[PDB]
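Participant: Here is what each chain is made of, one letter per residue.
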Amino acid sequence: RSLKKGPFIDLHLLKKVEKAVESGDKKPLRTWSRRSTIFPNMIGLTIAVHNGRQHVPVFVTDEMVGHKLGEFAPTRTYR
Amino acid sequence: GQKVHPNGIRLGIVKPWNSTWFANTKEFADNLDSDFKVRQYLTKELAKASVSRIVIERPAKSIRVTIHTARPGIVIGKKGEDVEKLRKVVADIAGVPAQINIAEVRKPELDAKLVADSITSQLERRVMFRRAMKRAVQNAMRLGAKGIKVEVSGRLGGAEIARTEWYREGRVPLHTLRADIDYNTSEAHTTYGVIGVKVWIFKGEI
Amino acid sequence: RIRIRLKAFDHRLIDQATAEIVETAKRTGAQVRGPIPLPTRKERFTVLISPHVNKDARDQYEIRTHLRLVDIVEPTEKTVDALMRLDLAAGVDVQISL
Amino acid sequence: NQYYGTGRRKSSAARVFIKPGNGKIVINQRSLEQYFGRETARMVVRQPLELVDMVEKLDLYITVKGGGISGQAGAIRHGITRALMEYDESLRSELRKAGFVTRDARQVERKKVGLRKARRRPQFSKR
Amino acid sequence: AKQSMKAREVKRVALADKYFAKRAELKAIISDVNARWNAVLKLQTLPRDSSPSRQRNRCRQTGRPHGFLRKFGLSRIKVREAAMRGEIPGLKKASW
Amino acid sequence: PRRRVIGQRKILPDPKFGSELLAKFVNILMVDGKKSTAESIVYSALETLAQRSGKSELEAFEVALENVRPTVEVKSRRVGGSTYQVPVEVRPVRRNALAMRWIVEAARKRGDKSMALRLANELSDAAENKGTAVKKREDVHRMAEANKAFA
RNA sequence: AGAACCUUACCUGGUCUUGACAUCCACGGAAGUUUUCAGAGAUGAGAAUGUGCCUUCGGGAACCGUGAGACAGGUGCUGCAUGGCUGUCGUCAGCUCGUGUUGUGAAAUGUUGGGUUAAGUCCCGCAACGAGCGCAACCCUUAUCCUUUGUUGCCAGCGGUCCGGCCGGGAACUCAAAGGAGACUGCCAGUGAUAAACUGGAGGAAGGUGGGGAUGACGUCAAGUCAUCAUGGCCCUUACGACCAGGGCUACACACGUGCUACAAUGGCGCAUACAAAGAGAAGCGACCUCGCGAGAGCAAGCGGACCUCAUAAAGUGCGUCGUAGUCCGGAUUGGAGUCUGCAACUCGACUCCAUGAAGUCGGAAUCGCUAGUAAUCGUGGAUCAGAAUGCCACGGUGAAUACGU
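First to last, the sequence lines map onto chains t, c, m, j, q and h.
Take 2 as the starting number for the first sequence in the authors' numbering and just add one per residue.
Take 1 as the starting number for the second sequence in the authors' numbering and just add one per residue.
Take 5 as the starting number for the third sequence in the authors' numbering and just add one per residue.
Take 3 as the starting number for the fourth sequence in the authors' numbering and just add one per residue.
Count the fifth sequence with the authors' numbering and you get residues 1 to 35, 41 to 101, in order.
Take 1 as the starting number for the sixth sequence in the authors' numbering and just add one per residue.
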């Protein structure tokens, strides 16, 4: 679709993903960057996506690897 | 206030140049920066000197800057006392070997910028604009100048409401392309407001 | 060889500069075919006249780039001397190349 | 010596030549039927040769570039009339009436500010 | 014209030679179909303000972020103010 | 057209037949300023007309068009706070001008296949009259004579 | 003349308070190019090397850290305080000053009339005589010829030919940009107070301000712009400043404007084929070549540019098919799968591939523009810009209808 070869992610969040495997998972990680895609190693973990108010607790799942983190947090409040 | 600017309209018809230099599109952008940058400092140092107008050029990795003035003595000074420090900083801003010329402007009342700067400088003195404008009028046909007119706009005599109250004598053909028209805009720095001084001068037909 | 090419902005500037280079060359030397006029590239710009709105009125701008090509056919050691440094440059970019 | 004439029509410039020989048409090293001129402006190349005694009088070599189909055809139309200088300005006296020697001053109009192309002022909302 | 955002330009422009330009030779031949190792894209933790097309290109005199021309290097208003006072050689009223 | 009075500029004749009447005809049919596609329809219509009817080329469309020539038309006044229609005799320049228009406009309303065929159908029924142009030719005719008062 | 960060001001958070930016005082440190760890980042805390052009020793100029007040900063407020700039009435033909005269005076006259012009244009008349702004003219471009010049442009007469202006050559010609001629109601005819002017004719490429642009009077709307800039005053100042990250400016039960694309057989689709102009291009435009259906990718000439690149213009035209249908019309929406620019494409892109194929079959009252190379229609280029045009600016192709009249 986009991004050509290799899924682009940020460095700081990659360390956070490897921290959840090595040191072990604890709580939902609060991250400001929405640029990084989800990977297979992120399945099972908990993260939280910022979008102009507070980090929304989004859970990672098998088929969510294809889509981005920022898709699961809508920014614009309606209703 | 919708009018074509007398200098710009007459550039193609009857002016020599305000910039005689040539340059190529690649270095043109940074070249035009240095032309206004030198004039920004040059107008400061030639504020009391009463500079009429100056013409920049860059003859093959050099820079001339032909400077005119009402007062040549203040600009030139004793030998090369005043000119050496001017030419030094012009080479530093331009970043190239800098020359310099001098040109005595006979009859300073015939230039637009000199009369505009003379009338607008009297506004800081706090004198009557009717007389200050009339002092330029009183000697119009006396020495040269087949026509001349002076306009002011906004904040007249420290008034609350803003009027124009322009004035004209002689023959000032603003749309005759062949007609020689000298013009320059100037502004006041008074604590009661900012009055803009516009002066159109007519020398001759051809 | 002596393949000259210049560029000037004003409608008549080079015409006197490229005139004086001819009678400098042809008098002392020989041949000198003369100044070829060449196509004038005109870079036209258009921008908005007022700082706010008023797009229906715009002032059109243009910059004409006038070329010339002398091409002296006689490269004698006599004519190359007493020719260079008579350009009396008024800005115009002198270039000598193929 | 050759009998030359220029002519042009809306930025389309031709170069006509006339001689005493045969009436084969040669345009840009190509024939008249092979110069694609089938629809209106088919015989506007031979419009100045309408009212003349010809049968098969003259060689003609012509060469036009610039503009389109009809502009190039009118360049040939006006070009052949200039090439009639073999008969000097004697035959022009009748040709003046036809208006083929008349060069068309109508040129495409420049695009103007606040206009779609040279005239059309873009519509405004109600009053 | 808001001297802070004009000072932010001086930072943004001056970073382009240090972090990128010379060291932005990385990602050119490196991020290409060769031989992969993903450590090359982990060099993108650099400050980012050096980016080759990050400047708005504000006008050199005032600092308007609109109507900028690459030729003159100035905004349309400061083009017209200057143009009517000459200064650009060959510039006059355009008509044809 | 208040002060200035025009010189009424003349168009060039038809390139095949030489008729200056058909030079205006092709231009009525001409949409998008395409003379090449316009005439291709005109000739294809005129060839099918003279072949079917068995008459000559030039007088087929001329006698056809002569049937659809309007006798008189009306003009709206608006003078004394009311609409008055005043009948007037259409001149030979405007007579065939409206004729060529109402032939092309009638053929435009048809739901037939080609433009050459649908235009030729209206040209075919011009001599003996059942079509839409020959109905359209005398529309104001009923409104006229009633307005004979205003003259 | 272009909101994915940036821009960007606004919001939610995290931070800084003589500050991001400028002058001055004191004081230590060359600047700076090296790297590590933590944080989203702003950033604080270490380990490197370096310590450079003047110094009777208090120091210098660049730059950096610290502290102190004067300040710096403000896209904050007032376009009912302004400079500058501009829309509009309007490219409408007007609007004024001198003396002189008329009236007690505001004013009038001039500039009231009769003709005429695009026009306060000109003529005659006149209680005014003159001048000035404006109009006109002078400018640019285009229609034609002459002269100057002949490469990268151009190819007619000649031979040489790989049929390519390609290579001698030839300087004609087109083309190209410098300077001239040429269009003045003047030559002629008629009308007109015998003047201005008008109508027609001749010549001419161009006849009655040739066509178009530029060119916008005195002033009006307290019109717009304190947000480009400049600036009076006011107000906030460990915040309405400043820095960073993410968000918004792209929202969606609604209404209107300005556009593109359609509803098709003057047409759709596929094959073959002919003819432009104006541009842009070195942090660039990219041949040719290879790869991929394609967006493009890799390899990789030439050209700072009449050379080389973007660039294979489309309508049109020659055959075939479709034959009046929600269709081979129409392209929306959505799905799967790609490319490109860039730290970065989910919010929020361009473009490509496969598939899906809403509405819509000429549209209500009413309403917009245009007098000829115009309307209409079909393509191309540029500015902005890393990357996003149906907008905007610029260019050419084909090319009409109707003007009785106010």
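These aren't lab readings, by the way, just hints derived from the structure by calculation.
Among these hints, one or two may not hold up.
Restricting the straight-line Cα-Cα distance to at most 25 Å, the calculated cross-link-like pairs of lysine-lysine (BS3-like) are [stated by the list, open to error]:
{"#": "1", "chain 1": "c", "residue 1": "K3", "chain 2": "c", "residue 2": "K78"}
{"#": "2", "chain 1": "m", "residue 1": "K59", "chain 2": "j", "residue 2": "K113"}
{"#": "3", "chain 1": "q", "residue 1": "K2", "chain 2": "t", "residue 2": "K6"}
{"#": "4", "chain 1": "q", "residue 1": "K76", "chain 2": "t", "residue 2": "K16"}
{"#": "5", "chain 1": "t", "residue 1": "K20", "chain 2": "q", "residue 2": "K47"}
{"#": "6", "chain 1": "q", "residue 1": "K47", "chain 2": "c", "residue 2": "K198"}
{"#": "7", "chain 1": "c", "residue 1": "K3", "chain 2": "j", "residue 2": "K113"}
{"#": "8", "chain 1": "t", "residue 1": "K28", "chain 2": "t", "residue 2": "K17"}
{"#": "9", "chain 1": "c", "residue 1": "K15", "chain 2": "c", "residue 2": "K134"}
{"#": "10", "chain 1": "c", "residue 1": "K3", "chain 2": "j", "residue 2": "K114"}
{"#": "11", "chain 1": "h", "residue 1": "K24", "chain 2": "j", "residue 2": "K12"}
{"#": "12", "chain 1": "c", "residue 1": "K44", "chain 2": "c", "residue 2": "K3"}
{"#": "13", "chain 1": "h", "residue 1": "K35", "chain 2": "j", "residue 2": "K67"}
{"#": "14", "chain 1": "c", "residue 1": "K26", "chain 2": "q", "residue 2": "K47"}
{"#": "15", "chain 1": "c", "residue 1": "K113", "chain 2": "c", "residue 2": "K37"}
{"#": "16", "chain 1": "q", "residue 1": "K47", "chain 2": "c", "residue 2": "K15"}
{"#": "17", "chain 1": "t", "residue 1": "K17", "chain 2": "q", "residue 2": "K47"}
{"#": "18", "chain 1": "m", "residue 1": "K11", "chain 2": "j", "residue 2": "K113"}
{"#": "19", "chain 1": "c", "residue 1": "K134", "chain 2": "c", "residue 2": "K107"}
{"#": "20", "chain 1": "c", "residue 1": "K15", "chain 2": "m", "residue 2": "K11"}
{"#": "21", "chain 1": "h", "residue 1": "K10", "chain 2": "j", "residue 2": "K99"}
{"#": "22", "chain 1": "j", "residue 1": "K119", "chain 2": "m", "residue 2": "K59"}
{"#": "23", "chain 1": "m", "residue 1": "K46", "chain 2": "j", "residue 2": "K99"}
{"#": "24", "chain 1": "j", "residue 1": "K12", "chain 2": "j", "residue 2": "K113"}
{"#": "25", "chain 1": "c", "residue 1": "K3", "chain 2": "q", "residue 2": "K98"}
{"#": "26", "chain 1": "q", "residue 1": "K22", "chain 2": "c", "residue 2": "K26"}
{"#": "27", "chain 1": "q", "residue 1": "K11", "chain 2": "q", "residue 2": "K76"}
{"#": "28", "chain 1": "t", "residue 1": "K69", "chain 2": "q", "residue 2": "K47"}
{"#": "29", "chain 1": "q", "residue 1": "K27", "chain 2": "c", "residue 2": "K37"}
{"#": "30", "chain 1": "c", "residue 1": "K44", "chain 2": "q", "residue 2": "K2"}
{"#": "31", "chain 1": "j", "residue 1": "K67", "chain 2": "m", "residue 2": "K59"}
{"#": "32", "chain 1": "c", "residue 1": "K15", "chain 2": "c", "residue 2": "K113"}
{"#": "33", "chain 1": "t", "residue 1": "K20", "chain 2": "t", "residue 2": "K69"}
{"#": "34", "chain 1": "m", "residue 1": "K46", "chain 2": "q", "residue 2": "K98"}
Participant: Would the pair c:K44 and c:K3 pass a check requiring their Cα atoms to be no farther apart than 25 Å?
Facilitator: violated (29 Å)
Participant: Check the hint pairing c:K44 with q:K2 against an upper bound of 25 Å on the C-alpha distance.
Facilitator: Judged against 25 Å, a Cα distance of about 23 Å means the pair holds.
Participant: Assess, step by step, whether the Cα of m:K46 is no farther than 25 Å from the Cα of j:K99, and give holds or violated.
Facilitator: Given that 25 Å is the threshold and the Cα spacing comes to 41 Å, the pair is violated.
Participant: Run the distance test for h:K10 versus j:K99: straight-line Cα separation, threshold 25 Å.
Facilitator: holds (14 Å)
Participant: c:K15 and c:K113: Cα distance at most 25 Å?
Facilitator: holds (16 Å)
Participant: Under the criterion that the straight-line Cα-Cα distance not exceed 25 Å, is the pair t:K20, t:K69 satisfied?
Facilitator: holds (20 Å)
Participant: Given the hinted pair m:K11 and j:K113, is their Cα-Cα distance within 25 Å?
Facilitator: Violated: m:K11 and j:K113 sit about 29 Å apart, past 25 Å.
Participant: Given the hinted pair c:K15 and m:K11, is their alpha-carbon gap at most 25 Å?
Facilitator: Holds: c:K15 and m:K11 sit about 20 Å apart, inside 25 Å.
Participant: With a cut-off of 25 Å on the C-alpha distance, tell me whether q:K11 and q:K76 pass.
Facilitator: Measuring from Cα to Cα gives roughly 23 Å; hence the hint holds.
Participant: Is c:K134 close enough to c:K107, meaning Cα to Cα at most 25 Å?
Facilitator: holds (17 Å)
Participant: Within a Cα-Cα threshold of 25 Å, do c:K113 and c:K37 meet the stated pairing?
Facilitator: The given pair, whose Cα atoms are some 19 Å apart, holds under the 25 Å limit.
Participant: For the pair supplied as a hint, j:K119 and m:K59, is the alpha-carbon distance within the 25 Å limit?
Facilitator: holds (16 Å)
Of the numbered hints stated above, those contradicted by the structure are hints 1, 3, 4, 6, 9, 12, 14, 16, 18, 23, 29 and 31, listed in ascending order.
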